[PDB]
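Starting off, we have a lone chain in the form deposited without the ligand, written out as structure tokens.
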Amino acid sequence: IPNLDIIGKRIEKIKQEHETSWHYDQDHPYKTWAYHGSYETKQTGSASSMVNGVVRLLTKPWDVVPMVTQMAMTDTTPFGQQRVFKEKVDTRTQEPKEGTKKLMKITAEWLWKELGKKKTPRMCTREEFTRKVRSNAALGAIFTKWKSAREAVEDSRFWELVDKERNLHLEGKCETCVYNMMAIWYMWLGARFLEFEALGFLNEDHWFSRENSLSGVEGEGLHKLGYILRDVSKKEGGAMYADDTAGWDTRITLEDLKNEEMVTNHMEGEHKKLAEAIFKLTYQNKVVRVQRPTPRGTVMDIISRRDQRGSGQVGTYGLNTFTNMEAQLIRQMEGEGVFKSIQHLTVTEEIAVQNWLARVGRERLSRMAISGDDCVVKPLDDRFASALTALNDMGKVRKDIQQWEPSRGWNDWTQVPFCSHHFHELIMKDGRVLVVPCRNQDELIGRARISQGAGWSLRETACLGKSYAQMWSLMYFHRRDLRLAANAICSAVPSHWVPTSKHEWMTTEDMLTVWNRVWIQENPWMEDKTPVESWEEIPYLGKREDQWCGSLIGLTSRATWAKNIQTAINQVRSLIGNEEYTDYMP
């Protein structure tokens, strides 16, 4: 049921821009989204992402690995947009029960107060926004008008439009903040600025760093997460649990959005009203355009919904972390028996929850590592595994397990999945112990073989390959195939070309210098600061184990690849052209 007093102004402006073709399509497919109308549009998107020809030429054995090549096959055409919508986005999560709602409000109020003890909400500025625009992903949709975000921020007319929308937000109205599905949702840059202005502080001021949030890992980096998992495992308690949620963003409820909004209770002045506009007008009452193929050509559908979360927003990461922290705390409460029924919370139970949060709240937060929808929890004991009523009633249904089957955890932290990795102790030649990340190698190579844009020059393609190679040399040096592949890419691309997207692999610094900085000098879990003097000193995983986040070391095709790698390197060099290359292949 749509509230036209909040969304009608947005819908009418779109309707007036397409009055001739605007119509209600009685054959529309939307079930749990409110459908408003359609108009004729030009099809956007493509049914395949571009392959990185440099990386591909240097990773020939993986041409026949289906896991690798399947990753290249995206579909952003109207046909492709409707599949993902039908499968993932067109669902409904039931409203939580009264007791669940009271648990969430109490916990969320407590959590915001903890996060705000040492932080103060503030407004982010146009200059902050303009500086970040001169970098990358703001996730704006630029359509018929500017050509890029860098061109828009320089134009004075652009900020006049922002001012017009901002003034409307100040009077509690919204007219241009519309989501576009081209599942990832885009907005026009002015709508992104208004959200960044109101909520960017959560990221800019590191509200979910581990120091400030205890559970969060914002800013940590892959080379630190394994150490953080190992520290959590040192706590007394039950097994470590890491349940994935099925389609987290689609399971964010209106109740969740309202609890995330209580961060406005910590705000003042026009900042509070601006953030309240973002929450009520654009998060809890969203208008979405999505393309749909019809026998008569592509149409754009205008649809709306209150409850879900739009992937790619400014506060998406932080608010997902907030709500997951809140959800996992409540599951810890349920396991410890702090309340007994989610149908309603007795006044005695409500005081018990409040006392539990005051007594042990911060300790229980430190038993968790949470990044967006990704969580690891080491609870007090294993009652957690079957404490499922609040989690299911909040809509956070676990993936790949029956609704009421108890969760299975791990007693060995090196088996716990987190941020799509597992983490291992790696013994150096001098006896020091690294905790390194491991991920399936086919997935790593498949992602490096994907070019991010369309119509990229060979130089930008080569610099993206170099960026992957250097990330591999810093994060996955312990995998035989990736160290070799990284060396080949860096030998094939001119040494002075800059890798193209903050992260430590994004310069032309000597990668051994960066390795020493990351893993030794600035590594707080590395007491002996003696640096290593060569790559030969830096070890691999066991040859049995290395093979098995995906390696091919035992294969005939890999042995041939490794032996003739210089031929492929020379081939790439002949295309970039006469240039100055460094040989990294020892």
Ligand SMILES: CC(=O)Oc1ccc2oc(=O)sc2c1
The other form holds:
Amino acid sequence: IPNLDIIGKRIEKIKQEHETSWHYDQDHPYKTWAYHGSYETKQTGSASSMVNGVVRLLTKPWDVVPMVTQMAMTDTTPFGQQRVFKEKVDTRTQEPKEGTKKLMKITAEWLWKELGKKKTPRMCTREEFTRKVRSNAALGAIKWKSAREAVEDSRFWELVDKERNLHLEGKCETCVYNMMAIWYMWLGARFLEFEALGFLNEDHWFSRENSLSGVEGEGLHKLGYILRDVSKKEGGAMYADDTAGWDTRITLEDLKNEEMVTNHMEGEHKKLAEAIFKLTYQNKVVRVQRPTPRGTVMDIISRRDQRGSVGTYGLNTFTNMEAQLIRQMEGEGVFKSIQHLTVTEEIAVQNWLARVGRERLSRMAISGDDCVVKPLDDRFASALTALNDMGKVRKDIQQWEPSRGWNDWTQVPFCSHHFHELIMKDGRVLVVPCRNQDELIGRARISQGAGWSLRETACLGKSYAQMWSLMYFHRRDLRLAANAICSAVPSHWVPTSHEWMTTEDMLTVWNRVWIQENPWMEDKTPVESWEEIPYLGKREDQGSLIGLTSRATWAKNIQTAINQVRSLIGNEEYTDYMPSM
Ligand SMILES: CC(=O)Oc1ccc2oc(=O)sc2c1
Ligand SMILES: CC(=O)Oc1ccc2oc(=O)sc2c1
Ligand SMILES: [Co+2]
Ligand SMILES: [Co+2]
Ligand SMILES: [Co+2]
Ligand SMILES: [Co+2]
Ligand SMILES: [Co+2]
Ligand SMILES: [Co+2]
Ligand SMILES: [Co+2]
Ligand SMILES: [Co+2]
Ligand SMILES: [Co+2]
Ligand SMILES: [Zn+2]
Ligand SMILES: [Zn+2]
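Now the other one: the form solved in complex with the ligand, given that the block above is the form deposited without the ligand.
What follows is the whole complex; the chain from before opens it.
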């Protein structure tokens, strides 16, 4: 089942740009994706990640930690792409049963209606898009060189209009994904997607206020508070099951339910969004590279159901909200059979959604595929037939083994973190985020771009340091490492583009984020120094693999390393920041 009436125009346009080498490789490796052909291509990508030499020189004890080192070994060569494709992306998900589909359709229709109560969809503009391009951007493959180049060249916008008018007659020609697993599109295709669906992000449809379950806009320093509030609900344990490869488990049915947001639109906006949904989401064309004994080729493949990562405009959050409501329903015995929803069962679901729907959403904190649920009681743990039949198979657990929850919200994993209460010297109680400090250091030692000069490398380092001092100040090693990086990088250099991304005094930012603007901090008295700001317990702070001897030596000689970095940056002026205790 590949529908060439929808994808043929895209495939033929690519075939015609490489007619000489175009061919059908009878030994292609694709099993659940439809394969259309290959052509010869120049190898792109690389098999190493680039190391941030500034962060590395100031974090020398971590040169021997395995987690840290391994993180610097990403493979975007054809070899790497094909490795991840075979293991992760080339999977099939069964179609949900009839009953499951009915639950999803009812629940999705209800959810769009709740999200739309206080919001109205709208088209986003070329001007909105262009302003966002002048900053951090969603990721498209880039004929110009940068996104900021394309937005000014008005020929770029003629191409947009060309594709847009095809979209307006239900045809698609250039919206092709590239697996260079992350999927890129031409910036023009990204614009059309933004124009149709950007309102979901820009108008904050998944903020906690509008969606009850969501946390769009919250910010790491707020998530722990949000978890602790959810824990105040009456109910069972708190559950936080990860889905194995969520993007690959998005079904065609999921995509059709997300599309019901178009029922809330009108005019050409509805037509454009319908094009994004039917032409680019439910009928995708993907380019992947593959090594062959004859050099690297590009494969053209297609598939209807999965999702490709930029975010997903809240659609992953939407679908997870829907999926977790249905698991709540199943736990509460609202329905009995995935096989067939009886007429009286469809009415119960409708009643349940009308009666307790909003309350059940607020038992949840959901960010894309990341969810925390505090259900009515622990029947939830073994309500599994809808979850599995929807394809949202739980990671690292037997299919019918019941979920394990937690009674202590400080043990619940959410958004790659745990959250802890932390007592200040004056007795006020902070809720702070926590995650393995060897991961944080490993990610800081990776320069997110290839071929970078030392200034941008130093500014990326400073960005992590300021983030550490805001978010992970309670970790002794990170506070010290942040101090060194900030001492080593000229004080007026701007961190690369969030609260840590200026040259504001970071104590000023700390006070604003954790005291002044913290809705869960009643006493608005600021702190007057970093010595006033506490650490986690020395025990629980140990979490790190580094030896105590190499940490002590690192701490004792840290100024030697700082000066070494200062010398390579240049005859500049630097500030010696308050040394961590
Ligand atoms: C937009 C929002 O507030 O939701 C999230 C989800 C995951 C996450 O991981 C971080 O580092 S911050 C963060 C925020
Ligand atoms: C706890 C500590 O002293 O670490 C930092 C980190 C970043 C920063 O940015 C400034 O201007 S001050 C400052 C201190
Ligand atoms: Co050719
Ligand atoms: Co080529
Ligand atoms: Co996974
Ligand atoms: Co169909
Ligand atoms: Co209309
Ligand atoms: Co999302
Ligand atoms: Co009740
Ligand atoms: Co950052
Ligand atoms: Co509050
Ligand atoms: Zn298109
Ligand atoms: Zn911890």
